[PDB]
Amino acid sequence: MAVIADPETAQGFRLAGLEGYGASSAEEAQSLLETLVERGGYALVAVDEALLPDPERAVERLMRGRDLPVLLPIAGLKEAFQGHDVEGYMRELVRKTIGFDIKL
Amino acid sequence: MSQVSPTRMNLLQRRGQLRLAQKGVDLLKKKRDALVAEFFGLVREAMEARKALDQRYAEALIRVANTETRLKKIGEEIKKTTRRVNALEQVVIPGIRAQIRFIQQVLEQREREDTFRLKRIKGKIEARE
Amino acid sequence: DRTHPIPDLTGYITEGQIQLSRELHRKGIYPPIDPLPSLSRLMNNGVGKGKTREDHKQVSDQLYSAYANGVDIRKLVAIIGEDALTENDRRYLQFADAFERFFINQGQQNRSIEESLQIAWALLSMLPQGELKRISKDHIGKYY
Amino acid sequence: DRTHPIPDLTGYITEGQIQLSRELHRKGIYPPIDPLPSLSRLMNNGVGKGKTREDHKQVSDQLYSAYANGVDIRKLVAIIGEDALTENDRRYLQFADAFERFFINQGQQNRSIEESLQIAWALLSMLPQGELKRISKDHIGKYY
Amino acid sequence: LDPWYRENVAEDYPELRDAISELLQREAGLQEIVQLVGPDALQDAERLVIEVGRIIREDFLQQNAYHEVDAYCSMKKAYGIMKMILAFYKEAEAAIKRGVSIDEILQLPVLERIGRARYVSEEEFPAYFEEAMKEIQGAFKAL
Amino acid sequence: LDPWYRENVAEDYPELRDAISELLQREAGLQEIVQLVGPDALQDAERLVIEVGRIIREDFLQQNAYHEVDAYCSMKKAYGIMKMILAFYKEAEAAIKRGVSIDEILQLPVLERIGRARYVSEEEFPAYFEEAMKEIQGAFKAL
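Protein chains in written order, with UniProt numbering: chain A, 1 to 104; chain B, 1 to 55, 132 to 205; chain C, 320 to 463; chain D, 320 to 463; chain E, 435 to 577; chain F, 435 to 577.
Below, in silico cross-link-like pairs of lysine to any residue (SDA-like), each with a Cα-Cα straight-line distance of 25 Å or less:
(1) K78(A) / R44(B)
(2) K29(B) / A403(C)
(3) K29(B) / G99(A)
(4) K156(B) / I398(D)
(5) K346(C) / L476(F)
(6) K29(B) / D402(C)
(7) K511(F) / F559(F)
(8) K29(B) / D391(C)
(9) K149(B) / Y21(A)
(10) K30(B) / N407(C)
(11) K531(E) / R95(A)
(12) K568(F) / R550(F)
(13) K452(C) / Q469(E)
(14) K103(A) / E401(D)
(15) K156(B) / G88(A)
(16) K103(A) / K524(E)
(17) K51(B) / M90(A)
(18) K156(B) / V468(E)
(19) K96(A) / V468(E)
(20) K96(A) / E401(D)
(21) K346(D) / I179(B)
(22) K531(F) / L404(C)
(23) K394(C) / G24(B)
(24) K198(B) / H323(C)
(25) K96(A) / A403(C)
(26) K346(C) / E461(F)
(27) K96(A) / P170(B)
(28) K346(C) / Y513(F)
(29) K96(A) / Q166(B)
(30) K30(B) / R409(C)
(31) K103(A) / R32(B)
(32) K346(D) / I172(B)
(33) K103(A) / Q459(E)
(34) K394(C) / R15(B)
(35) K394(C) / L458(F)
(36) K96(A) / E165(B)
(37) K156(B) / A403(C)
(38) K96(A) / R44(B)
(39) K78(A) / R139(B)
(40) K346(C) / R488(F)
These aren't lab readings, by the way, just hints derived from the structure by calculation.
With the rest of the complex left out, here is chain A:
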């Protein structure tokens, strides 16, 4: 697995032994997805959601491939955690499923 996050965080995942890669924009980050995808060995890429606001369009762009890494937006940069990413990730995931923008 690789993790794509803001550079300070990415550094911290590395010190923990994980494979963190640093980016500061939606585009930069998509670039990072494409290098990883081409380079080949990852089964999953967890991406700060601030860096992956459109992960379907993200897949769309990566390739003429070939077997893909699951692509997982999670939340960000420093101020992107001191939100809660999840309340809204959850609003989207239930609408996503049942179809119903439920009043949370």
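Given chain A, put chains B, C, D, E and F in place with the hints provided.
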């Protein structure tokens, strides 16, 4: 054709959609199962992750996403291109039974009524003679 | 062909109809009665207190409902697998087998209505008491 | 049944046909005219410069084509889901609703041919100009 | 027949039945969708429509031929029951628009009285309109 | 005619043909459903029934009028082939119940021999029953 087409036709149709229905309630049960492992994953995630920020403290981090990342790993994308799976599927499937149903009844229209203008014409020849 | 003019015109002359089906007979279910095409076109006129027993309609309604649900669940088992069925649905699935094995099947044998209601109540015990929507509480207390 | 021998043999005796549909009436669209099954046989003899307006045939052709595509796309939406429809198809899907809401529906009201062509051009704006295959460029520049 | 009702029974007969039918029509559409995506995603506005739609079905459409009273429902009683239901609807939608929990409206005390209104043989039924309004006010009070 | 078979050929003639017919009956119902919802949702239990149902059709129902041997199938041979098929069924359902992959049973070596059994003119056919049991044991071994 004619007769026989008559009943297997629509029980393919009726008996065969009674059980397409039934995969429909099956998957909203999965709905409620899936969405509840959905937010909680979410939970610890938000969690000690930024326990990672103010950072050893190295794990408030991977401790963080070993929990955080794992939970939302299963839940997050296993949990639905497969959830949104279950249910995105079996419905273009009650599409089958749907418009294709119009199918069996223009088909059936066509002839227990056409086959009849006829049992009766021939009567009609030496029925009339 | 139940729509042939002969059998079709006969339906109006009856108070009770028992319709047998080849498909059911080929599944080894005897008597090969289609439980969704047999009607007390006049059944209610021959049942209850002073005729059979007061709980007869309730028991008949509950067995019919549970057997129909159980048969649909055979379809659901095929769709999802046996292990994915809920505990409640599994009971209804099992009830359909019990209805076929014990109520439908007779080892040639003249069952009194009392005998038939007893078998009916015995198989009904397989269902959760909380799931007996079609039997008033008065009958559950007195007969269950 | 529009194929019943009576209505079916009547079609040849007409110069204009207005076909009403129960399905459309049940959607609350009145008058319940099927815009893809109503035709004018002698229509070309009563339209154009000096009769209605020079762009009448082009506008009629484009509205008919766009409405027919839009109606088929209602089927495609049912097959794939609304979100899986392309941006271009979504415009044609929406055009079918616009045609029904604004062109077919009249709040009882005597529209001049000028009024009717104006509504036609207004709804046509919903479509990409690059997708107006049945309107010559001369008419687009002059009337769009 | 609308003019006979408007002149002899109630000026709002046609508008009332059109409004109830639109309610029932909307319920039918909602139930079709719920059959697909389940009822969990339902907004409060849609839950209110099902709540009132259900009251129309149970309190109005359904009539007891075996009850000595509800066996026949005089014209005067029919409109009065309609206005109690339609007035509860307006108040329901108005309360929701002001962030009143639907759960709070669903257990509103007057609802049980509206449910037994078909059994009342006295106009005590139109009194339910004022009883409905004050009760909603007690819900505007608690917020 | 069941008693003639029971007394002169095999005590289990009627029970065996009823069991095979129930198999074929079940297959017919399964194929109707599969025609609708496809075969992907099929449980292992249902895939096993189709597997054995197919063996009944190909190994029993089908007979080669042009083969010097299978042109005629003596009563003694008919029951022996039936018991090989029915015994394979019981073992198949028993193995599945113990979490044996159906794919493992489908490629069981004895199956190809059961398929050519109609061509054998010697009782070497009933030996297939023991050959079937041990082979399933080799599948109970590997688990």
